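Here you go, one structure.
In this view, the complex is presented without one of its protein chains, the others remaining in place.
Letters A and B mark the chains in the order given here, with residues in each chain numbered from 1 onward.
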Amino acid sequence: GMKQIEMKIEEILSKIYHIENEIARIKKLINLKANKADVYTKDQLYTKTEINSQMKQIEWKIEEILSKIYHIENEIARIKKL
Amino acid sequence: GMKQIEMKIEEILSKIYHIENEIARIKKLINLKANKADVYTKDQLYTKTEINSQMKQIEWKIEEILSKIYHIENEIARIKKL
Partner (left out) sequence: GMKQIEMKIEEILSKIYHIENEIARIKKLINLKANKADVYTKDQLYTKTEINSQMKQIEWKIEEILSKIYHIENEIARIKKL
């Protein structure tokens, strides 16, 4: 059954051929992936949404300050009879 | 030694079987990994700790301003004899 062995070998060669192709693809895919060492994880970062919320709170405080200052400027104008 | 060849073939088939299984696993693993193109690296980002430090400095400045404004309001009250 030498011909039978020859058939099993060709089957094996085709399996290997497709595996080698899949490995070539995999290696390329892996090179497009980010390393753990080069990135930060979610626990280490604020999102845009979170930063926006923090910034909006600062804006609010600044606007309250601007209103206070404007009131003071008019209080001064009143004191100066001006 | 046809039986001997048959043994080597079965050994090879089992090696291939396990390789194919490992490749299937790998492909699934890879699909769960983040692409370099979709993420920022550490050099491009501030952490929560860094943002917190920056925000705390802004808070400090705002509190110094609020204290200045409160002093000015009382200076005005004193000028008004009020």
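Please note the rule applied: contacts are C-beta pairs under 8 Å (C-beta built on N, C-alpha and C of every residue); 3 or more make two chains touch, one makes a residue touch a chain.
*Asks:* Please output the residues of chain A touching the missing chain, sorted low to high.
*Replies:* 2, 5-6, 9, 12-13, 16, 19-20, 23, 26-27, 30, 33-42, 45, 47-49, 51, 55, 58, 62, 65-66, 69, 72-73, 76, 79-80
*Asks:* Pick out the residues on chain B that sit against the missing chain.
*Replies:* Answer for chain B: residues 1-2, 5, 8-9, 12, 15-16, 19, 22-23, 26, 29-30, 32-34, 38-40, 43-46, 51, 54, 58, 61-62, 65, 68-69, 72, 75-76, 79 touch the chain left out.
The rule is simple: only the chains that are shown with their structure count from here on.
*Asks:* Between chain A and chain B, what distance separates the C-alpha centroids? Give it in angstrom.
*Replies:* 7
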